Amino acid sequence: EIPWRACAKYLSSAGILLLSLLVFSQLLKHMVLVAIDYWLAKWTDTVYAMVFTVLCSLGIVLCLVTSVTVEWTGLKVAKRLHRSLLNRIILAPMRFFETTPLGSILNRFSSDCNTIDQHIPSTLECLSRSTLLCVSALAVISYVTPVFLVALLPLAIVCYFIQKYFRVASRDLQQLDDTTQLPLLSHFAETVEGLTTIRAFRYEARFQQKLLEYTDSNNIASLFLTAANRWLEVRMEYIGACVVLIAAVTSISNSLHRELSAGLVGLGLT
Amino acid sequence: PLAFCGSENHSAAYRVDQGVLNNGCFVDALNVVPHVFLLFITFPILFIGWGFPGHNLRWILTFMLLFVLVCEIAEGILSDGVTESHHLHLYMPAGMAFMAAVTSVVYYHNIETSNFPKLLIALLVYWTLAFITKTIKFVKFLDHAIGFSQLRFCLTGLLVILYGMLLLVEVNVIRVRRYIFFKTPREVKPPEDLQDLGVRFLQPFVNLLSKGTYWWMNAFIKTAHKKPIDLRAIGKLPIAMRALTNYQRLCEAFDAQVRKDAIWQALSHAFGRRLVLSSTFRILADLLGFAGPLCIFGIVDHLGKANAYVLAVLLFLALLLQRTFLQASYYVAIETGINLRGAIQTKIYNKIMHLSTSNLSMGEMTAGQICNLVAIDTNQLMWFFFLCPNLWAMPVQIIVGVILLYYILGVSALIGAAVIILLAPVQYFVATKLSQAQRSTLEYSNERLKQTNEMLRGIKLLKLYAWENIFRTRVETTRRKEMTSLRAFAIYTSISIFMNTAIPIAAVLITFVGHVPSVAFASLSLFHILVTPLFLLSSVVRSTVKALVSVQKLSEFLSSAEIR
Amino acid sequence: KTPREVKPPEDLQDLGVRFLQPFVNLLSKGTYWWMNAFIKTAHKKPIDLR
Amino acid sequence: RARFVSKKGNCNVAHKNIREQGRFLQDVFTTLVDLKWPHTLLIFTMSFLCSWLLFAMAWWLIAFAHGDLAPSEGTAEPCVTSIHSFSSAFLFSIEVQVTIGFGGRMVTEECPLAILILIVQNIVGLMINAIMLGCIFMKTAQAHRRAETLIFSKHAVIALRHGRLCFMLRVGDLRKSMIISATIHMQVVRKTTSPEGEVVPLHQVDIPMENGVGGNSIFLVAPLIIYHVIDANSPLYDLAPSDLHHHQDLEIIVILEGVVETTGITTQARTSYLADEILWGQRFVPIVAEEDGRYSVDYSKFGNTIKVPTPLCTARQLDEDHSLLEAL
Amino acid sequence: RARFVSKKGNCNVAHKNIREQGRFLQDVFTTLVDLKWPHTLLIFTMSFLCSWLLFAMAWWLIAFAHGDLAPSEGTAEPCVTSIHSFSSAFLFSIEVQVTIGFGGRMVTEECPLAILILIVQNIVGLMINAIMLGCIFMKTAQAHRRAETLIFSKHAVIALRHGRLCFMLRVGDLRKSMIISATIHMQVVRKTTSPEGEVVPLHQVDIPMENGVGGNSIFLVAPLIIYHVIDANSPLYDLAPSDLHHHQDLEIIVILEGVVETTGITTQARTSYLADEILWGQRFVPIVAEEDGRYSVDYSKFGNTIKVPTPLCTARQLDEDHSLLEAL
Ligand SMILES: Nc1ncnc2c1ncn2[C@@H]1O[C@H](COP(=O)(O)OP(=O)(O)OP(=O)(O)O)[C@@H](O)[C@H]1O
Ligand SMILES: Nc1ncnc2c1ncn2[C@@H]1O[C@H](COP(=O)(O)OP(=O)(O)OP(=O)(O)O)[C@@H](O)[C@H]1O
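For the protein sequence lines, the chains are A, B, C, D and E, in the order given.
Here the first sequence stands for residues 994 to 1038, 1061 to 1285, where the numbers follow the UniProt record's numbering.
Here the second sequence stands for residues 2 to 52, 68 to 277, 286 to 329, 353 to 563, 573 to 620, where the numbers follow the UniProt record's numbering.
Here the third sequence stands for residues 199 to 248, where the numbers follow the UniProt record's numbering.
Here the fourth sequence stands for residues 32 to 359, where the numbers follow the UniProt record's numbering.
Here the fifth sequence stands for residues 32 to 359, where the numbers follow the UniProt record's numbering.
Hints were generated in silico from the structure; no laboratory data involved.
Treat each hint with caution, since some may be false.
Residues of chain E placed beyond 12 Å of chain B at every Cβ, according to the derived structure [said to hold, decoys possible]:
| # | residue |
| --- | --- |
| 1 | 46 |
| 2 | 197 |
| 3 | 232 |
| 4 | 327 |
| 5 | 331 |
Restraint ranges, calculated between C-beta atoms of paired labels, are given here [what the hints assert, rightly or not]:
| # | chain 1 | residue 1 | chain 2 | residue 2 | range |
| --- | --- | --- | --- | --- | --- |
| 6 | E | 57 | B | 47 | 38 to 46 Å |
| 7 | A | 1220 | B | 406 | 47 to 55 Å |
| 8 | B | 239 | A | 1080 | 45 to 53 Å |
| 9 | E | 98 | B | 161 | 53 to 61 Å |
| 10 | A | 1009 | B | 560 | 35 to 43 Å |
| 11 | D | 171 | C | 224 | 37 to 45 Å |
Don't be surprised by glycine CBs; every beta carbon is placed ideally from N, CA and C.
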C-alpha cells in the first residue's frame, strides 16, 4: 500500500533500466547460488568439476554487477531527489515560507536527504540479500523435502499476524520517538540563540534541569523502541528455530527410511 | 506392557532383590519419588494464585540443570532402542525431573513476590531428598555397573554436584533470611518496588528469564493493540538514568585527569565493563553457534550407514540458547548507547552553558553546526556502540573457525582460508580509503548545510533582490562537490559489498578444488556461517570511520573558549 | 460480550393488565392451559368486571 | 474522574504497592472461600488427585522394595495383596483414601512399614477431607447472592418535603426473604478542604438519613424511599441545581447492611450517585397500590419519577429568602 | 511502663492468680479452636491412633479369649475371620473404624460379644469423627487472618481542622475483601484520678470519633483518617505539645470491629498510641490520586506525614486566647 507507493516513487527517481538490472541481478545471482550448491549436492555421489568452477565464476561476476547496480541507483536517486526538491522549494512563493516554519522545511535537506543519500543503499541491499536468500532457501527446503510445505504454511501465517501486530505497535512507537526527539533540537536552538539572556538571568540550572528532563524523555522513548524490537526479534528467532528443527527431523526420517541422497538432507538442513 | 523395567522371565527375575539397593531398577524408581513429591505438593498452592538473595547463582544452576536433564532424556531414549519392551525407567525419571525443575522455577517465582520462606523451605527438604537419591544412585553406580556408558557416570555425578550447589544456595538464602528458627530475618530494603515508587519501565523487577526474553515487554506491547500509546501512558526512568550517569562520567573524567595530572580514554575508563559484558555475551553466543556445522557433519555421517535425531534436536537447543544470548549481547550494547547519548548530551549542553559568545560571533562555530553535532554525532556514536561488541567479537570467532577447519574435514590443505586471511588487509584498506573520502564528504555536507540555512533565513531578501538563481547555483556547486565525494564513497562501499559477498564463493571454490559426502557440504555450511558476520562487518567498518571523525569533531568542540 | 439482551413486551408492554396468549407458549396457545387457570378461579369465586 | 463505587457495588479503587506480604498460611482459607466456583472445584479435585498419586507411588515403591513384583513364587506374602503394576498401587490408594476397600488388594501383616503408610494415608485423607468439606461449606453458605437482589434506582431525586428541600432515593428489595436490621449509611464523598487548607481526595462525610427516631435502621418490605433532609449542618446545604453534573466533583455513597434471614450472616450492598444521576426537582411516582385484598408493589416503572419545579437555588439561599419573607 | 496493647493488637497484660478452675468439659472445644495448627493436627492424629489401638487390643483379646489364635483346627470358626497376630487385629480395627473393610478379615456370627464390640467401635468412630470434623471446620473458618491486614500507621498526628485542634490518625485496609459495619472505638487510657481522690491504674475513657452523624461506624475502602475533635469534654482538652513523650502516662486505644465479608463472623483489630507516637502538628499526606480512570491509593508512603506548626499550647489555652481575641 503506502510502502509500495513510496518505494515505487523512490525507484521511479531511478531509471526503469535500473529496476530491470537490479531485479535480474539479485534473482539470477542467488538462484545461481542455489543452483551451484544444490548441484554440488549432485557432486557428493572432472567434468562436473570444471562446470562447477564456471558456475562459481558466474556467481562472482553476477555479484559484481549486482552491487554496482545497487550503488549507482542509490546515487542517481539521491541526485534527482536533492536537485528536484531544492528547485521546487526555492520556487515556492512567499505564502509558504511565511506560513511554514523554517526548521521543518529545512530538516528535509538537513537530515532527511542525509539519511537518504548515505543510508538508503545500505538498507536496501541488506533487505534485498536478506529477503532473497530467505525466499530461495524456503523454496529449496520445500523442494528437498516436499513434506516440509505443510509445516511451512501455518508458520508463515503466524509470522504474518504477529509481525503486523508488532508493526501496529512500532508505528505509534516511532511517532512517539520523533515527537520526543524534536524538543531536544528545539531547546538547543533556544539555548544557543538566547544564550546571553539566559546567562544574564542567571537561571542556568533551570534550563539544565529542563534539558535533563528532555534527554530522559528521549531515552525512555528509545528504550520503548528497543524493548519492542528485541521482543519481536526473539519471537521471529524462535520461529526460525522451529523451522530448522522441523526440516532436520523430516529430512532425517525420510532419508534413512526412504533413501533420498542424504547430501540433499544436509543441504536442506543447512 | 508399559512395565517399568519389564521384559520376559529373564528380566522378570530382575526386579528380584538379591540386595535391595543393588537393583538398578530400584534406585532408578526411587529417583522419581522426590520429583513426584514436589510436583504434587506444590501444584495446589500454585493453582491458588495461578487459577531472594542469590538470584543469579540459583538461576545459572537451574538452567545448567535444565540442559543436562535434556541430555539425560536423550541418553535414556537412545539406550532404550536396544530392548524391545520399551522399558521406560531410563527416561521417565528424567522427564519428571524436567517437569519438577520447571515447577520449582515457576513456584519460586510466584513465591518471590510474598516470600513466606518457611513455605519456601519445602524446597529445602525437597532438594535434600533429590540429592540423597542421586548420591545413592551414583555410589551404587560405581560398582554394580558395567559403566559402558561412561556418559551415564559423568551425568550422574554432574547432577549430584548440581543438587549440592542448589542446597548450598538454599542454606545461603536461609542464613541471609535466618527466619527458620532464628530471630533475625535481616528482612528487606527492596528498591525494585520501593525505589521504583510506581513509575518505571525496565528489567529489574522482571526475572533473569524475561530479562533475556522480554515477557514484560510482551505485556507492554499487549496494550498497544487495544489502545494507541501516549506519552503519559509511558513508563518513567530508572533511578540511575542520566544523572548518576553524568556524575559517573564527571568522576571518571576526574580520575582520568588525576592520571593525566583523547576523550576515548575517559569514556573507556568510565564505561568499558558494560561493553565487555555485552561482548562476552556475543563471544559465548557465536562460539556456541559455531558448534552448528559440527551437528551437520554428525547428521550426515550418522546417516551414512538412532542418534541423529537427538543430535539435531541438540542443535535446536543450541540455537535457542545461541540467539537468546545474541539478544543479551545486542541489548546490553544498545542500552550502553542510550547511556552514552544522555551523558554526552549533558556534557555538551554544559559546555554550551559555558560557551564564550565571541567564539560563536567571530569565527569557527555557528549555531547550526553546534546543534548539528548533537543531532548527528550523537546518533552516529549511538550506532557505533550498537556495532561496538561485534568488533572485539569477530576475531575470536574467525580464529576458532580456522582452528576448527584444521581439526575438521579440511584437516589439512584447507588453504581456502588464506583467502579470508588476506581479506582483512583488503578490509582495512577499504577502511582507510573510506576514511580519506569521509572528511571531504562531511565538510561538503556542512558547507551545503551552512548554504541552505543561511539561504532560507532571509529567503524574503532573495525573493526580493532576484538573487535566487545565483545563490541556488552557488549551492548547487557545493552540492556537486558533495555529490562527487559521496560518489567516490558509493564506489568504495560497493567495492566493499562485492568483496564481502565474493570471497565466500572464492573460498568454497578454492577449498573444493584443493582436493585435486558430508565433508564438502559441512565445510560449505561453516562457510555460510562464517560469511554471516562479514556482511555486517561491511557496515561496521563504515560506522567505525564515521565515529572516529565524529569524535574528532567532538574533541574539537569541547576544547573551546569558556566564559568565566 | 454482547448479549443483545432484551426488550420483552410480553411482560413489559403488558405492564400487568392483560388477557391473552403471547406470554403463554405455543403449546397452550393451542390447548388453552392458561385459560384452564383462568377458569380455575371461576368456581371458587364469581367473576367480576374488575 | 472515576466513580468511587460502581452503580453495582464495585469499589473502583486499586491498591498499588501494599508494603508487606500476605497471611503466612491462613490467607489460604480466606482467599479460598471467595473465588470462582470452577477454580475452587478444580483446586479440590487436583488436591485429591495429588493425594492419591503420592501414596500410590508410596505403595508401589513399597511393593517393589519388598521384592514383591518380580517373584510371584507363591511362598513370600506381599506387603499388600495382589498388586503387580503402578496401576494396581494407584487403585489401592484410591480404595484406601476414599474408604472403599474392595478387598482384592489388601494390606497384610508382612510389612509393618506398610502399616505405617496405611495409618499415614488414612490420617492425611481425613484431614484433607475435613478441610475440603469445611471450605465447601463456608463457600455454599456464601453471601452476596442476596446482595445482588437489593436494587437501587439509577437516579436520585430531590423535592420539597415539610417545606424543606430534602435529597431522596428509592430503595428496592426483590426477594421475599427478609433482611434483618437493615441499616442505611448514606455518605457523601468529594475532594473537600478544611479552612486551614488541607484537602483530601476522597473525603467522606456520613450524611444522616432522616428517621423519625434518628437512627439508621429501616424495615424494607415494600421498596421504599430513603431521603436526607438538607440542613445547615449537611454538606449539601451549599448545593444548588445546575451545580450537579457528571463533571462536578460530587458523589453520595449509599450503604445497606443487614442480616440474611435464612443465613444468620450479614451482607452489604453498595450503590453510589454522582452529581448528574441526582435528578433535581422530581418525585418518585408511588409504585404501590392497594391490590385486591393485597398491597400491589408495581415493581415495573420502579425508578420512574415525575418532574416538579422548585426554587432553583441553594438550601442556603432557600433559608435566606425564607428568613427574608418570614421576618417581613 | 508497658504498652497496654502492642502496636499489633497484643493485650500486654497478664492475669496472675485467677481464683477458680476452668470449664468442666467445654473449655476443651474453645481451647481447641484457637491453637497452633501443628499442635491441633497432632492432637487429632493421636486421637485417631489411640481410638484405633484401643479397639485393636479389644479385638485381639476377643480372638484370644475365643481360643482362636492357637488351634487353626479348621472346625471352630473365629469371632472374626483370619486374624493371627495383634497386627491383624490392628489392621482390622483400622478397616472398621475408617469404614474401609477389605474383607479378608471379617466379623462372624460366632461371637455376639464381638458384634457388640463392632457396634461400640462404629458408634465411637462416628462420634469422634464428627467431633474432629466440627473442630476442623470451626478452625478453618477462623478469623483474625483478616485482622492482620487491617493496618494502622505507626504514628498519629494532630492538626487544625475547622479552626479546631483535633487528634487524627490514618486507618488502612489492605484486602479488597470488605469489612461490614466497620466501627471505631478510640479509647484513651491512663492512670487518672477522680476529684474525690481515687486513682485507677488503667482508666479507660471512650473518646468519641468525630462523625457527621455522631456514630462510630465507617466505610473503609480507601485507607482513610480517623480523627477526634478535642472538646472541653474530651480528656485530651488539657493536653499540650511537649507534654507527649514516651515517659508521659498516656495512651489512646483504637478498636476496629466489623464483619468479614466472606465469613459472616466478626473480627477485631487493635492498635494503640502512647504519647510519643502521637506526633504533634502534622498532617498525613494524601496517598490517594485520581488514577487513569481509577482512584489510585498509593499505599506506599502510607503513614508518611508532613510537619505543620500550630499554637503550642493546650486546647484549654487555645479557647482561652481565642475567647480573649474574639471578645476584644
Ligand atoms: N504501603 C504499605 N502497605 C501496607 N502496609 C504498610 C504500608 N506502609 C506501612 N505499612 C504498615 O503499617 C504499619 C505502620 O505503618 P508506618 O506508618 O510505620 O509505615 P512506615 O514504616 O513509616 O512505612 P512508610 O514510610 O512507607 O509509611 C507497619 O507495621 C507497616 O507494616
Ligand atoms: N481472683 C479471682 N479470679 C477469678 N474469679 C474470682 C476471683 N475472685 C472472685 N472471683 C469470682 O467472682 C465472683 C464474685 O466475686 P467476689 O467479689 O465475691 O470474690 P470473693 O468471693 O470476695 O473473693 P475475693 O475476696 O478473693 O474477691 C465469685 O463467684 C468468684 O468465683
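Structure-based check of all given hints:
no. : hint                        : result
1   : 46                          : holds, 27 Å
2   : 197                         : holds, 30 Å
3   : 232                         : holds, 32 Å
4   : 327                         : violated, 8 Å
5   : 331                         : violated, 6 Å
6   : E/57 to B/47: 38 to 46 Å    : holds, 40 Å
7   : A/1220 to B/406: 47 to 55 Å : violated, 23 Å
8   : B/239 to A/1080: 45 to 53 Å : holds, 49 Å
9   : E/98 to B/161: 53 to 61 Å   : holds, 56 Å
10  : A/1009 to B/560: 35 to 43 Å : holds, 41 Å
11  : D/171 to C/224: 37 to 45 Å  : holds, 38 Å
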